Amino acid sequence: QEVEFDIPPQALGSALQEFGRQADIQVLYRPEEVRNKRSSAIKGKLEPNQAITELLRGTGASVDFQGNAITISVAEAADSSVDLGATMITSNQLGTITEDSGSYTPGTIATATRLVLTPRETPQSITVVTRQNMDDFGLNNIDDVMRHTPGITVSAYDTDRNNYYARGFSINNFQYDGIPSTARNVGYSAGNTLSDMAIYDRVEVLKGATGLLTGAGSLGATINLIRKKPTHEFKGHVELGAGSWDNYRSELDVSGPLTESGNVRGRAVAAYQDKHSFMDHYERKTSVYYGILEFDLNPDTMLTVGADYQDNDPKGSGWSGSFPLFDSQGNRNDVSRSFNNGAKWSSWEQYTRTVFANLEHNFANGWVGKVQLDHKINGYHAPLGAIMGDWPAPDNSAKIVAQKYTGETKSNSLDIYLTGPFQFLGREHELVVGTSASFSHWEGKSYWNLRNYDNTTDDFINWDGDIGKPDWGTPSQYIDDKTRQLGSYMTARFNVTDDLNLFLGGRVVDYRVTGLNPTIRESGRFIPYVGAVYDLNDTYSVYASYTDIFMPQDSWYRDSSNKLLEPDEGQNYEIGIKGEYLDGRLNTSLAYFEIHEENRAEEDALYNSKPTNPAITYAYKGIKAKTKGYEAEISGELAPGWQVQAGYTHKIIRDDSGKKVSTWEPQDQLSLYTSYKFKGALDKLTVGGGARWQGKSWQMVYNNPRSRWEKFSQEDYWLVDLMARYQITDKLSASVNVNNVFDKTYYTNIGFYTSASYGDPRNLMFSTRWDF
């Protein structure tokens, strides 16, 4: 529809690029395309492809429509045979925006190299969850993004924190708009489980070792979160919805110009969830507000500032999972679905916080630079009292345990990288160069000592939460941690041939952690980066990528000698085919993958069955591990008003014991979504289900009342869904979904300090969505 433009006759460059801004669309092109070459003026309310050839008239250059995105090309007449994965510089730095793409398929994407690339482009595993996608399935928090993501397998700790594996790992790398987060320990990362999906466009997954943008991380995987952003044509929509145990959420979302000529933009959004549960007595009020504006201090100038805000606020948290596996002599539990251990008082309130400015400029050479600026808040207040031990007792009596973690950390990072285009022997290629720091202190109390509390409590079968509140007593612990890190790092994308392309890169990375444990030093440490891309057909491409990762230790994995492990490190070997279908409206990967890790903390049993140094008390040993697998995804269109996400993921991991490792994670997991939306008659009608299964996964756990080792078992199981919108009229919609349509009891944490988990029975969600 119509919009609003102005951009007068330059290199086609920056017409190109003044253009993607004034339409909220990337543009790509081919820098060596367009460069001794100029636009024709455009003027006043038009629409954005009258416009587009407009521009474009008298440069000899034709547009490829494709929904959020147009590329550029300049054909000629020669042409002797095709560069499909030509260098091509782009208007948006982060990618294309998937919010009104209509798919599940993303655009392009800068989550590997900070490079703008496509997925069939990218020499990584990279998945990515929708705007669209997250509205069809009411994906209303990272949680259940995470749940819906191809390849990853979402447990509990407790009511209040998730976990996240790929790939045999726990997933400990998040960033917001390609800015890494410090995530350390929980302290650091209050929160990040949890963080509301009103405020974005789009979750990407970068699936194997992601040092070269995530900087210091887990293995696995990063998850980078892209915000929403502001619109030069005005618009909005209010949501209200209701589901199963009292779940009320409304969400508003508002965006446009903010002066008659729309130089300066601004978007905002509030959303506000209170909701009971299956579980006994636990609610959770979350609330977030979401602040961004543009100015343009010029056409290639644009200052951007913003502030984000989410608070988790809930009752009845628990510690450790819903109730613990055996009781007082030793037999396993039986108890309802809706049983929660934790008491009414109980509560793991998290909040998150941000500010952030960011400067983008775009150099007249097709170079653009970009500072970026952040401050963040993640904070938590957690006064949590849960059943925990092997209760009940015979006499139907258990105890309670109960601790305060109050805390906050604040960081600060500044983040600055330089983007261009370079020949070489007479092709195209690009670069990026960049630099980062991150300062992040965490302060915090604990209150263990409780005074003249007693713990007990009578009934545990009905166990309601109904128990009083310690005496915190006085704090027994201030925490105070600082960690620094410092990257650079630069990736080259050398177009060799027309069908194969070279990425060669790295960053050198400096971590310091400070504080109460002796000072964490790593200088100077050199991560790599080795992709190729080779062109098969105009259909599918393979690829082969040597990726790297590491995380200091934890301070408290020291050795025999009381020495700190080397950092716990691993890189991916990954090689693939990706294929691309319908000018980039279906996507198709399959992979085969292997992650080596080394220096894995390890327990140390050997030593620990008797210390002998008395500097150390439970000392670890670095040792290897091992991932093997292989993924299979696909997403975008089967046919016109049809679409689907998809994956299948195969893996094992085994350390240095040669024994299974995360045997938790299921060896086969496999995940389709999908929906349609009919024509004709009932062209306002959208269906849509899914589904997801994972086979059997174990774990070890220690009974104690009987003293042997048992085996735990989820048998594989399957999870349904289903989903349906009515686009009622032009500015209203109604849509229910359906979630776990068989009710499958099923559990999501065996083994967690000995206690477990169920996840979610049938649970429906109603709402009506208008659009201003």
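Positions refer to the first chain, counted from 1. The term rigid core refers to the most C-alpha atoms you can superpose between the two forms while keeping them within 1.5 Å. First, how it differs from the form deposited in another entry.
- Core-superposed comparison between these two forms: the CA of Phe65 exceeds or equals a 2 Å shift.
- The Cα shift for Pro705 between these two forms, taken after rigid core superposition, is smaller than 2 angstroms.
- With a cut-off of 2 Å and the rigid core superposed, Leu732 has a Cα displacement that falls short of the cut-off between these two forms.
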Second form
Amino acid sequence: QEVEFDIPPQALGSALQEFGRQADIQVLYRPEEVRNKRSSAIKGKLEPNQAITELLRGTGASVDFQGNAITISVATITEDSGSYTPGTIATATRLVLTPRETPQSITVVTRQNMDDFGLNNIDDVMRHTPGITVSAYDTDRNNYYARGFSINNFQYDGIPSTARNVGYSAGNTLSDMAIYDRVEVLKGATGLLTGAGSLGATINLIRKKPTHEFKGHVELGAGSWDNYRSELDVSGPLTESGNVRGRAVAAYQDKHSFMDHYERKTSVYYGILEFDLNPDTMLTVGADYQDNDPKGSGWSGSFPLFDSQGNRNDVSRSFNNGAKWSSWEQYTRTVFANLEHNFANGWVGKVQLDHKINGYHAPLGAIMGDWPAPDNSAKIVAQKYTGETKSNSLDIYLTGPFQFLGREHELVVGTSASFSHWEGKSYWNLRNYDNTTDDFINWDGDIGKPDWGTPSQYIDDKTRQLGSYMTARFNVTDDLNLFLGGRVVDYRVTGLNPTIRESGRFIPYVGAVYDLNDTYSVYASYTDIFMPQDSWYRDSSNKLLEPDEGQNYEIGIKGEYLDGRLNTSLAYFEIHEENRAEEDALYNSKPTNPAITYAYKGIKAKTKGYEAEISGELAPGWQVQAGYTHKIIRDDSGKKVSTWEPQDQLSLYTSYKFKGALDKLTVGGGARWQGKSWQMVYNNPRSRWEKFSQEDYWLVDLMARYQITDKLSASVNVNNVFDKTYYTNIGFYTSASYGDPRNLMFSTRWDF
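What's the form deposited in another entry like, now that we've got the form deposited in one PDB entry?
Next comes a single chain, given without company.
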């Protein structure tokens, strides 16, 4: 039937509510998709379907007709945006939201930020992520601190990594950025989609996808300490019809460092294909690979803190405790297939399979122990660790809208499964060779390579992980939105050690967001995560500790300007942990139970702090990424933990694009500051606890770029401009590690 209409120009949402009255139809729409837009004038006797299209002219909004009601939708990739701020995030719940819509701490490092500052691996990225502190273990191993906790949760297009034991590092901590669009760090307790994991944060990595128009580049680089780099990216349609699309990228890097007899070379490959089956169904298959091959790898720091009889060691930044032949090899490869379908009711389901391999081949050799000796001699501890993890993952989810009280809401319902298997060899039963070296001062890593002998310990671990989850976002007011969600998990691990089993574990997700303006919004959330304890963490009665669990209490205010080209946020958080594995010196002074010698205690801990950050456009061609974070974490006795992670930290990185005849020049820079940190260490020769402190220090970088030809560009990066001599690790096995001296890296990019 034809109906008579009269609706003048007004704020879109009011005109939709009045359309329903003037057409006898129910109208379902998301207020946030509509607050920005505005309704065009309609007048006349028209058909409902024709009248609604005329009303929504110049907005690009979809209308889907079903029954006696109609639904309205007004709808990510960071590559080639020029922005340091994200568009949309589906990391938290799977629901595709804006930063301001999300009731959590979340920080995104964009393709542009990565290109601009020449961040080539995950380490460089973290060293530029506002609320994060990067400390070292040894040359080919680092630690990322967040809110008083180490980060053990690494995801790759949503699929969690099961190679979690950092004692056997196998790639997670040095992934090359050539194959990714962006890297998002979701802070707090992220159990909802991660499942079983740790507290602090979660690192999610999004892979590059094929374009529908041809696009490709070649970038060559050179830096300090014989540091070469090469990468090639090729993308676009592969059939005339364009029902298929592909993307292939290869990168190779070889380098040295300020440290002696040390080099690393990395090789990466990646290829992805897209298939259009019907107009609403798409298949994706892809494969990747990386290989980290070092020589002259260090172990447990760079040098010992004390000599033969205590005192204090003094050595140049170039000193490396590792032998020539020492190497910590780490290789990764993936094969995956995705499949998404769009259903008739605005609903969309996705199925992703994953097959991942994390391996290591680490013949190690370094000076460790209280050295040198009074005759300038020292000893080397030499061990060998080889292994491999094969991990198969299935995850499926459906997401779409639903009505309740004349309001449009959206739901997510999913299920996941994971089967992984970790096999490993360890050699320390050496067929007696000479440990000693003559010279400590003039150590150039020169010592023989031993016969490793037969394996000392075998590892053979099978892990099943099941998951089932649901999350809802209620549209109870225009200004107010309530999240109710949760996830149930089944964690089981079989192997040589006794079976670990947790059935029917539950993880809640509770969140609310209220709107004050068209600018500021307040939010609160309650989140949780747990991780089953490892075999050797046992109490006095030889019983296993209950899983390490924690909750994140967050409240704060977020901002948004220039319709999403700029975001501000200020939040206050509080993390309560239970079942933290600690010493128990009461038992360890005088053991009782013959079945265990070293026992543990499960205690509680509590981080309380706040955070302020900003990202995006500050002016037309002026981009920023900056944050301030304050934290203090305590035991249950009342003592500070993670004292090596600073209590106050400030990060700031900016770039300006010039105007006028010189719009071919770009100038940038960075400034990183952190407050004092310390570690309590034990002096063994002199039988005392000693305090080691690092003062507050600055870290400045500068950047300049020119768009030469039209296709050809060149850039320069200078890291640690002021050549600050500082430490990145102390208490780790009574060792120490310096931070990077002055840096340069030059680049040239072509763009086909």
